[PDB]
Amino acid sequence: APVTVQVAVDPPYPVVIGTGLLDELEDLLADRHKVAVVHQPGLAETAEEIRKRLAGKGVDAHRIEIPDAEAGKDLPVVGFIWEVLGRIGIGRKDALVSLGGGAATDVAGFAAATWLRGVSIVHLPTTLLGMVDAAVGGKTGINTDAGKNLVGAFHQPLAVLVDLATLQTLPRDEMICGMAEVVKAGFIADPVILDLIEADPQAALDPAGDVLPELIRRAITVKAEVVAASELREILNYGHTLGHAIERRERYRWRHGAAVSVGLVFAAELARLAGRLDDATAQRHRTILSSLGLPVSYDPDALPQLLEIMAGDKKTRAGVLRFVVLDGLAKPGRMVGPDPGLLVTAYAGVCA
C-alpha cells in the first residue's frame, strides 16, 4: 500500500510514505521490550495513542514530552531525555520514536545516537520540512552555548514513517516553508519537481491533492540518493549559505524555509553574474518561490552584517566563503572565495 524509498546506505533503511502508518509502526516495534516516544507538546494525543498501541503488543511504552520547536534542541533538554531513558531503563536493544518537526527528530536522534552509544530510532516527522529533509539522512544535532548546528552526530534511523494524514492539520505557513527544500531538491537534481509545481503552484500546497504526495516522494528520493552516494553531500546546502546567515541575523525568528528561499534566489544571481547559470534557469528560482508564497528578497542594507555572520560559519576556512551554485539546472557546482564586489552586486540583484 505505501510507497517506500530505500536509503541505500549500509545498512539500508526505509522511508515509508502513506496514509495512516500506526499499524506499520506497531509491526515494526512489536518485538522491542521498551520504547520511548519523544514528542513536541501539540502532539501529546498522537503520542499517547502510539504508546497504547505499543503497550497492547506488550512493550513497556513511555512518552516523553519536550519543548516545542527550537527550545526542544537545547542541551538541557537532551540532558533531561538522557535522565528519563535511564529512569525508564531503555537498553541497547530498545528503541525511541520521534514525533514532531525537525527539531524533535534532531534532538530525539541525538539522544538515540548517544544513549549507551546508540540505540534504534524511528522518525515520525509531522511537518513537510521534517518529512522531505530533517528526518532523512541521519544528521542529528542540538543547540548549545557554542551556537546552533555545531554539535551533533550522524545516526541512521531504523525507519522514517512519512504519514500524509498528519499533513492535513499542518498550517499553510509551515507547508510553504517546507516547500523551499522541495524546490531546492528540484534545482539540484530532479527538475520534474519544478515542472510539477509550475503546472499549478497552489495544487502543490494541497495536502489532499495528488501533487504534494508525488513532490514528497521525489524530494525524499533526491536526498536519499545524495546521502547514499566524502563531499557530494554539500549540494544539499544550496541556498543555505545566505539562508543560515539571514536566520542568524533575525535571531532564528524567520522560518528556515523562508531564509533558504532568499538564499536560493541569491545563489542563482551569484551564478548568473559569474556567467555560470543561464538567465532563464536563474530567473526560474524567483518565479517558482514567489508563486508558492515564499520571500525572494531581504533587507537591502544587511549585507555587511550577513558577510560578518557568514565569516564565522563552520565551512568558512581562513575567512574564505564557499557557496553552492548551479552550472545549469540540476548541475550543482561550487564557488569558493568569490570577489566581494561580486557578492555585493548579487545581493543588489536580489534586494533592489
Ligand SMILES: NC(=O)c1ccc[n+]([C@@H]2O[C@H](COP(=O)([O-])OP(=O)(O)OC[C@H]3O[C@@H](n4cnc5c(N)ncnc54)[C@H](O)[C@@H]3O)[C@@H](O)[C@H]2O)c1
Second form
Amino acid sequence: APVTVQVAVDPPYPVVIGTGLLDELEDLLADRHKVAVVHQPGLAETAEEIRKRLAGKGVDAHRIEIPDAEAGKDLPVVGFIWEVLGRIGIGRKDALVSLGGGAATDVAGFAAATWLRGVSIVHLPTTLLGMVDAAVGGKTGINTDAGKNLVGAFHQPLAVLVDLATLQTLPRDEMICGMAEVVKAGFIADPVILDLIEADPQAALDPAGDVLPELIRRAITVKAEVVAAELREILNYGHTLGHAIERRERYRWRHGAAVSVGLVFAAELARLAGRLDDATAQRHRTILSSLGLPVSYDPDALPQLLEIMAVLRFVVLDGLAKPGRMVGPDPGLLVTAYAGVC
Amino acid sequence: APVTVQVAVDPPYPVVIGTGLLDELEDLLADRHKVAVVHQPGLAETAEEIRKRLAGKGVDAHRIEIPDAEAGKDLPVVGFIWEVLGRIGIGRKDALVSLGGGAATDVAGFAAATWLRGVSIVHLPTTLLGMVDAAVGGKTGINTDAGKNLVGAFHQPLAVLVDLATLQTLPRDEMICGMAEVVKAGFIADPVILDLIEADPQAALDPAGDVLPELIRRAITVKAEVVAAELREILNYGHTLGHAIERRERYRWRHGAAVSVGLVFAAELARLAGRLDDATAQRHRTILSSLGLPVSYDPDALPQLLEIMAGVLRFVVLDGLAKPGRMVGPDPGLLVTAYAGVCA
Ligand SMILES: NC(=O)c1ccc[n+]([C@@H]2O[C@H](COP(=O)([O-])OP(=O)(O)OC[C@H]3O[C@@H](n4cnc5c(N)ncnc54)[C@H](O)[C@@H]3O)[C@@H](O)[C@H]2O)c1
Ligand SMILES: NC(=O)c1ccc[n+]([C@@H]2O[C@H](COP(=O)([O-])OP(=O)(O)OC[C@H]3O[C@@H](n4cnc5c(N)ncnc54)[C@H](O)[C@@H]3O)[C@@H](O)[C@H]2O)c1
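For comparison with the form solved without ligand NAD, provide the form deposited with ligand NAD bound.
First the chain shown before, then all remaining chains and molecules of the complex.
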C-alpha cells in the first residue's frame, strides 16, 4: 500500500508515502537506545503515541515541545533543544524525530545537524508544504539576529515518512499554501501534476481523495530528482517576486500565496520575453486562481518590491517543464510584466 | 618546498605544511568574490596581510576579530559572526579563513558549517594543538549552556595551511600542551615520532629546528589516516581519564597536561591487564616527563574522576606499541590499582 520515493544521494534515503505509518517508524528506530520527538504544540497526542509505541519496543523515547510556527525556529528554541538533548543523554547513535510542519522539520533538523556533530533524524511532516518541500532534501534553516534561514546546516535525514492521515486536521488555508509549491513542480518538471489538478481542482485539495496522494508522489519525485542533481535553482521558480512580497507584507501572507503571485509574474516575464507560449503562460493564472490562490497583488507595490529584491535573477520557463534563467532583465520589462499581472 | 598530506575523505582536501604560505592561500582563494578571515586578537597584523594580499587580487576581503581562547568559542561569538557574515554579504560561494588556535578553528568552523548550509573554509592553525588536531578532521565544537563541545557540526574544510613560521611566537607552555597529542599519535600509530622526540626532547620543541616539522607531518598523517576510515576511537587514547581531569579542574589544567596524565594511566591499566609490556608502559611517563608534562595527579580524586567519566566505561588501551585495543567495563578494583600506581 505505501509507495516510496528513493532520493539518490549518498547514501540514498527513502520518502515513504501512505496512511498510518507507525509500523514503518518502528521498523526504522527499534534498535536506537534513545529517541527524542520534537513536535509542534498541536501534535502532542500524536507525539505521545510514537513515544509510547517506541518505549514499548525497549527504547528510552522522550518528547519535546516547541513553539508553533515561526517561533519554534528562533535561535533560543535551538538552545532549548540542545539543553534537553543534554539532560536526556542523547548520544551519537541515537535519533531525533520531527513532527509538524516545515518549521518543526527545519528546527529539529538543525538541532540534529548540530548535536554531537550530527545525529540521525526522521522527518514526519504534517503540512503539505512540509511534505513536499521542507522535509525532503536536507537543507535546514533557523531564525537568528542575521535574518530568516541564512543560518542553517546541511544534513540529510535517515528517512521521511509522509503520512496522509495527518492531513485530515489540516485547514483549507494551509492545504492551499502548500499546493502552490505543488503547482510549481507541475510547471517546472511534471505537467501531469497540472492535468491532475485541472481535472477537478476541489478534489485536488481533499486529503481523503485519490488525487492528492498522487500529487504528493509526483511533487516529491520532482524534488528528489533535483536534490540528487546548478539546477537546484529551478525550485525557486516563482520565489524571486514571491519572497519580496512575503517581506513587504511582514510575513503575514502565507508563503504559498506569495509564491503563487510570483509564478504568475515569472510566466508573464517569460511570455513578454518571447520564451513562453501564451497558452502555457495563461495556464499559471487559471490553475492557481481555481485553487483559491492569489494571482495579483497591489499594482503600486513594484517600486518597494524592486528595493527588497536587492543584479536580479529569475527562473523562467522556456516552454512547459523547460526552465531557464533570466539575468539582470531591464527594469522597464519588470514594470511591463507587473502591469499585465496586476 | 611545502609538503602536502592528503586527507582522503569525500571531498578530499590537502593539509599543506611549510613556511610562509601566503602564496598558497592566494592560489586557493583569489577567485572568490568575498573572503572573511576570522582570527584571534594577537594575529591581527597577520590577518591584515592576508586581507591585504587578497584585496590586491580583486577579492572583497574582510577580517573579523573574535575573543581569545575559550571565550571566542561561546555561542554569543557565533551569533556575532553570523551577523557579520550577513552584513558583509558572504554567499554560498564565498569562503572563510580561520587564523589562530583550536578555538578559532572550531568557532570559525562551526560558523562556516552553519552559514547558508555550509560554505568553504580554509584553516590556518597557529598552535601545535591546532595544527595537529583541531584543524584536521571536520569536527567542530562550541561552548553552550549544554556544556563544552556537545554542540558542533561536521564539515570538511577546503584546505589546511600549516605555516611553521607562525610557531615562532608560540610560548613553551602551549607548545608542550600540543606535544601531548603528538606523543599520543606516536603510541597509537607511528613510533618514529617517539624515536624522534627521545633523540633530543628539546630539539623537538624548537620551531626553528628540523625535528618539529617532521613530528607535525607524522602526527597529521596519523590523524588523516584515521579519519579517512570505529577506528576514530584511538584518537581518544589518554582522553578518558584526561577529559575527567580537565573537567574536574574547571579547565584550569592545560588540555595537554591532562592528556599526558591520561596516557600514563591507560599505559598502567594495559600493563596490569597483561596487554602491554612493562617497557612500553614506562616509556609513556619517560617521554611525557622529559617533555615537561605532568605524569601523575591527586591520589584522592579517583571517585570524582569516575563520576565525571560516567557522565559502562570504555578505554583505549595498547596491546603493544601502535596496537590499540579496547577495555570495556574494567573491574573497579583494576582501576583503583592502576590509579594508585600512577598517583604514588
Ligand atoms: N529547509 C527547507 O528546505 C524548507 C523548504 C520550504 C519551507 N521551509 C520552511 O517551512 C516553514 C513553513 O512551513 P509550514 O508551512 O509547514 O509552516 P508551519 O510548520 O509553521 O505550519 C503551519 C501551521 O500548521 C499547523 N499544523 C501542522 N500540522 C498540522 C496538522 N496536521 N493539522 C493541523 N494543523 C497543523 C502548525 O501547528 C502551524 O501552526 C518556513 O519556516 C520555511 O522556511 C523549509
Ligand atoms: N574540533 C576538534 O577536533 C578539536 C580537537 C582538539 C581541540 N579542539 C579545541 O581546541 C581548543 C584548544 O586549542 P588551543 O590549545 O589552540 O587553544 P586556543 O585556541 O585557546 O589558543 C591558546 C592560546 O595561544 C594563543 N596563540 C595562538 N596562536 C599563537 C601564536 N602563533 N603565537 C603566540 N600565541 C598564540 C591564543 O591566542 C590563545 O591564547 C579547545 O577549545 C578544544 O576543544 C578541537
